[PDB]
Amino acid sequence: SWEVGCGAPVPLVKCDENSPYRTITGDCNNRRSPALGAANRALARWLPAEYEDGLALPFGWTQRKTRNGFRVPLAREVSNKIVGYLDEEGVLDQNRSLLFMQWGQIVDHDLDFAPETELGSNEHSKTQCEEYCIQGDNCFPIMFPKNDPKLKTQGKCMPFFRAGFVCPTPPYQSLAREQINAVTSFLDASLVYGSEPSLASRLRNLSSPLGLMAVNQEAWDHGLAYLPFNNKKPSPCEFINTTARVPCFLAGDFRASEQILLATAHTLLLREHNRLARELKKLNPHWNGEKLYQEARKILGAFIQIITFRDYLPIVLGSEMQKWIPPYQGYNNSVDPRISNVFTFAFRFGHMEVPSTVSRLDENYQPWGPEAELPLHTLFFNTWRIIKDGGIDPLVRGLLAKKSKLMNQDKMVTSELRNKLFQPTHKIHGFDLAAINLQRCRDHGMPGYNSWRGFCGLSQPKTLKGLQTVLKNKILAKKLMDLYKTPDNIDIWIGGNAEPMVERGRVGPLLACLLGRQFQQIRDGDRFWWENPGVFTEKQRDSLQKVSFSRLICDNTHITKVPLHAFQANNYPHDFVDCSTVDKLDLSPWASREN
């Protein structure tokens, strides 16, 4: 039996098929298979799921059951031994701005989201997990190893809930557990507009026929818009400062307020949509709000597509860019547009690019007041520092003039993320992203490192000397072998990130292959790809080729000096030009005359 039966919690719809606009859900992109790429379906499997019991139990569940006759090391143990480091001196990427890091998380959030199992909506199951560290059902807690400082200070574990899976009521037959992607697999600005019709409607300005996205009515950034507040309570953004009591933002994506630079980016994108809609109302005063919303949405979509493929991927993939993403040859309806389970771990390379501090800079790119530089951990679920402390302009200057962290085999993930992460359900700056990433690899039935090396046509190291040669690093290979005993058991997230970077890139070979193939598919398999003939006119495409992140800032802030190349390391003033010398988006080719 072959089964494409099971996928229950989804909006059902007849496909228009002649619409010039994407659906919100991602449905109807592929005409032969309308649900391919749509939200709230299984992540694609490039390799079959690997579970302790072949169905659903992750490796490390049953203390006793081995992986290939070896115990899997505790997620927190791998983190402590390998992923941690003390000295932030010298850690920064000398040719990547903070914008590099930040764009990664933006693209990631557009493509995939595997939300944790709910069921704990006013729940004692939450209690049995957080308080008593009791493994069972969806509680798969991260146990602290012996000697862990957090033993003395937090408890025996970090609580952890397993990712949502298709059929919370399956098809009754007997298959491996498959995690849901709650967002559209297409690069379509879903993190702005929503992947769900109901939310997408609530986000819109339906009071005026002007195709605008709803803006905050309680607060402004010197006349420029903020996202509306999420009024769902209790609010983690209120909790981190109950005096200020500034809630999280309401965005097309649940995660928009996770950290202040991500919230900033979401603000930049919402502003660009409203500016697009107003400029298109000027050109085409006969266009209704629906037409305005879709045409702006359609441009903003291509903008993300263009920045990602022209500016971002080449400086991630380096020498491997052309190998995996050759020049476009048009829409191929046989290409799987869906995001793979493994992709959602490969792209978490970004967690090694986040540095320990965030700066606010003034109009001369100097420290903005006495508390300019803040530790990252103070900025998780932090909206009050935007609303109540200078708006987004000072944070955007930091995005341009400050640097991403470089991935370092000895300095992988800053303590701000490894020890002081805040989760929106919980009350402590006490969680470990690197431990959560390793736990999540097991939750999702990820094959091992050598499985993936194999998939990518790379040598599979089986011995100490073998791993040393792949990693070009004797000590890291050793620490790995002592923890995992065989490279076969190395969880894909630490495995891929352990590899030294390709020439001119910021990931190693295994990650370049996994990311390369996914981005080749998200392009080739996308009927509404901006370069697909008929999606835009040839002239609209000439206009679009001129977009830049620098211009988005010029058009949606009060910053007047910006670099030409916003992703490379730029110092003020040598590398900054006045905004008037930056190419604009010419919207004249969107003019629509009935005569």
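Between two forms, the rigid core is defined as the largest C-alpha subset superposing within 1.5 Å. Numbering follows the first chain given and starts at 1. First, how it differs from the form deposited in another entry.
After superposition on the rigid core, the single residue among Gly390, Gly430, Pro170, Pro424 whose C-alpha moves by 2 Å or more between the two forms is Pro170. Comparing the forms between the two forms on their rigid core, the Cα displacement of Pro589 stays under 2 Å.
Now show me the form deposited in another entry; what you just gave was the form deposited in one PDB entry.
What comes next is one chain alone, with no partners or other molecules.
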């Protein structure tokens, strides 16, 4: 295969330096080095790649070959013996709403994507991998360990394809494999607008001069907009219920329809851009399509940044917030804005916050219809449950009123994700997200737990007792040692997520470090950061401070009661207030008379 040898800039660079707007592609943000943070480039490395053969082959590729002396345990064996649990009772997070989980995934999709090597080329090398479990080239199968229930049910393996990667480049230098980030490293609403101008154009209402995003023309949510349907086949959203035959939504990000609440959040964000465009049309009738789009885009861009840094990261990082993301001291153009390879695994802490069910709630936040509570696994690539069952309002009430799953050392990932995950190109609700994470760490040539512990100036346990100490759990440490033999070999994803959460936070000290560092860098290293002088007026920045997720819902649904702080656990009706009481985004400071 060797898909994408390189990698050279598909969209090139057109650095119009007097432009006050971000490029779609993230190009020209850093003037010294224009390609920093741009889409379809190599993920940054904070540490060098670690491969079996020093180059491309992941640890666990060759049966014989070991890692610091010891064999690497099968991903799925780690999943079963550490990450699995049966009893969904008492697992919910008492002080975080489901929106906490959902916003994590929205942010993640803005920041990074490392899609599978793109070509089958009308080929059965896709099925050759899946059907016959033959390791080779980009087929890197997850092998089931002995006694795995799925041996009886699914055969020898789950299929897995290695992430795409950059050049054999003209020097043809001996180089480590570097995975591509297909989206813009900047927090810039790229999941709404796209990370490539082909898509970004295709997503716009251009037949109208109002700088509107294209909306669905086949269905409506009580007069409120849905995303257009992706009519490209084969559609996995139609596959999951062939009777309903409802396609996936077309969005700025490839993964928008991956699960119903993600599609829902994508719907809120789209409605908000169009709401901003027709409000700026009233204030500035002389402004043309491009100007409305770009200003709406810039505002939405800043909304995501503010909600992320003011509301979201403080409750992720807790006691470590000020240590890693201090108060803002302005655009430092020598900071690397690019998303690191390791961050893409660090931010998968989200996977342990996803509970087993999604609720639809009515206008009194009571169960909506007969089947209010749906198991998560039925909502993978599910657009019909939106179009043909009540719109997004009942789902949005669910996000405010239901709880995220709490990370728990004895109950890590729900079987809805660990056993019943649906992958868009395969036929079965039978995959393991946790196994995929461990396999993917290896694919990406991830350094081990201690390598990253070291990188964060934290202790590097070499012993059962030393690990017991860091994890504050004897049975967990013992299980990890039985499988990995050394904490050096522990795959970063399970290692970071094994660490007890920090005070007032929702991740361990190691992930706090890794997340904190990256979030500091995408702020400080962003020339279009919202707080950077000259991006917005002082007037505009005063008005942008009032924004809230609560207000987003009010302005873009038919929901009237919302809580003041949407990310904390809020029960109806005590913790809810009327939409009329919530501060608004006053757009007066955008009013451009005598232009």
